[PDB]
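Read the single chain below, which is given as structure tokens and is the form deposited in one PDB entry.
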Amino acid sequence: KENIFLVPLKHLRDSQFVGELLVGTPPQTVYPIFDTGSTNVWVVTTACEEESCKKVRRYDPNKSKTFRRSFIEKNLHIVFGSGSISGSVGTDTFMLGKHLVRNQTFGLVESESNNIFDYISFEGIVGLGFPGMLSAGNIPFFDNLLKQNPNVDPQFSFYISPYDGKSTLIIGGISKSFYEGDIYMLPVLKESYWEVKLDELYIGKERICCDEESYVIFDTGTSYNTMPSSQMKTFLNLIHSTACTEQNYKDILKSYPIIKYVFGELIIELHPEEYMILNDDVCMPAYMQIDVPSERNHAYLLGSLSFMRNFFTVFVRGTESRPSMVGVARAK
């Protein structure tokens, strides 16, 4: 009975962090993406006979004594970048870091449509968002874990470290060996994504955003950072792709601007060596244009590669005594 426990995260060859999850009895091992930009739990099953599903640990429900199916024909389909996932719904017992989660609803990947799944070794998703993005089931996975493990405090934090393979997901609390200084908490505006109000956004000395209401989403399943299309045009007029090598990377980016996010009295800065990534012989901005249609108010994503590699993020679920908050600190 470990009230504070650690689930080690392994950065795969691509742009996602996966951890160990046991599904069923006797347990079957899968390595799903731990996602805070969605809520549903997906697991890749043996009913999927495509090569994209092969060469990856597949979960067989016919070998689980605790797997139960229902007669309601609730079929799930979610878009997943270039591909899409389609499957049925069921319930089984899960185990995440020596903690049992019984009678949990999850999606069973039965068809993988398009080569993205073959590249990333897709084995499932474990959503950690708020209820309301749950497509099927009565209770989300993380909510059910806290219910069946009352001693665990309703919070988890991500320590992202892809360079050395020491990334980890800590559930139930925080450790000073993953961050330095003090954590600044931000209130969560709307309980769909892990969303936070954004007051101002500065590219160098120029104010580019927050004429209208804008928000920040902390998505551990999105590698890059994002801005709306309107601000992304201004972003690239000031920030350009340049040729660089591993030896001259620091001197070339010495002239580049500092990106400042304003959260009330808190200011978060992304230095050029922190938001510029080296691919082949060019340094490119780790930023994307995604227009989030969930809320007409356009929002900004803080991802795993650029933001979380340098900042320790804390996801505090609200209870009857505290509201839901996101806390950020400098990574150690």
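Residue numbers count along the first chain shown, from 1. Here the rigid core means the biggest group of C-alpha atoms that line up within 1.5 Å when the two forms are laid on top of each other. What changes on going to the form deposited in another entry:
Taking the core as reference between these two forms, the lone member of 149, 234, 161, 121 whose Cα moves by 2 Å or more is 121. If you fit the rigid core between these two forms, you'll see the Cα of residue 70 move by 2 angstroms or more.
Core-superposed comparison between these two forms: CA of residue 274 displaced by less than 2 Å. In the core-superposed comparison between these two forms, the C-alpha atom of residue 49 has shifted by at least 2 angstroms.
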The other form holds:
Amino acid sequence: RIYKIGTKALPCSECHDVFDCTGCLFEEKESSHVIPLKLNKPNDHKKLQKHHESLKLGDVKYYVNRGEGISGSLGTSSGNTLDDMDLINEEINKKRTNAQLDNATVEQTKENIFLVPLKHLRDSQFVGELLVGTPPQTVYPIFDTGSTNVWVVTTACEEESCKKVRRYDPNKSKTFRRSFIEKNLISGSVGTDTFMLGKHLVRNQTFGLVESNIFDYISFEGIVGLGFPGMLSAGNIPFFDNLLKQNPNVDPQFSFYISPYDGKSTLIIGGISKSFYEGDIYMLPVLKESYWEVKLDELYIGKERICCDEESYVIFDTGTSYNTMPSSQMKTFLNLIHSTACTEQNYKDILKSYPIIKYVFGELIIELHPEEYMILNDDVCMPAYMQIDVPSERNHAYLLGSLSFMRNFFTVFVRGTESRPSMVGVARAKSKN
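Okay, that was the form deposited in one PDB entry. Show me the form deposited in another entry next.
Below: the lone chain, stripped of partners and molecules.
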């Protein structure tokens, strides 16, 4: 559910301070620039099951750093991915069992904490058609509000023994040019080429190229960053800014409809579609233009308030599946929300007692009921949340992703211009009925 408490919400045009009126109503602009999104080709949640159980003992924290993942996403230079949960668990156990082997009086002492750096969190299952070069080659990248640059996996292969599959070969483009870089970046390089997204042409687009078969290491064909221009882009016009500069009649906004079980998922450039949501679109101001990052005031699990006594922020990250909470909040969470047997028809009765999760931004309230944050895995119901600490800043980051948040809320990302700041819009998604 989404609603504003207090005074009835008003159009954002009627605001006094555009930076302070959380929960105002967005002017809806219908757009015809639709980009269908499809399932990326495995939907296996055993990785998240193991991740939860590895937190049972209370001494394990997963973390990522701001900007250090592929394309400027959250990550580290480690080799750990979430797909590596059995290697990770084996190492955790080895490390723990080697340490247990190796007027008022209070006594300071040290406990062992095991940190698991994650390489990146890029694991959305929804990809869209991108056309690259001349004559055009089709790739299916993730469209990622949590990334800044464009990256494409190259799979060029001229030998006769190469498997016959759809490949992206930058040298088959008449218009591809390789750029000169003085940074030794599985290998990375930078080039430029022409792209087509939907009906929009985007020339002179700088992008990174990943070469080695290579999909043993990588789980996406590409990343189109929809973040902000800044140090993380390094003078290279990001894709969406480049689109806007070359297609001047497009309003600087894009929206996302995630409908996993209908095949109707969609990215919309330059506007929204009234058929994707119910009610109004409620606006949150972006506090730090880097990720799409919004100040978080409180967070409730039922009656229990778990946040926020310190500075907290929610990142809307379309390129990641799960929601996240920091390590202290997930202690409470995993005590309050249990995985259970669900079958598939017993599920509405099982979850009848689970608690509502309530995010509070000013007077704007976003609820996730249990059939909105629980997912099915074999015959087991599971909460679609990961424990992720973002230590980079003294503040605490929460992530809202595609499997839980966006499947239930229609989301609008509005770039701030000369007559508006950057904002995220949210509306109840169209009810599948």
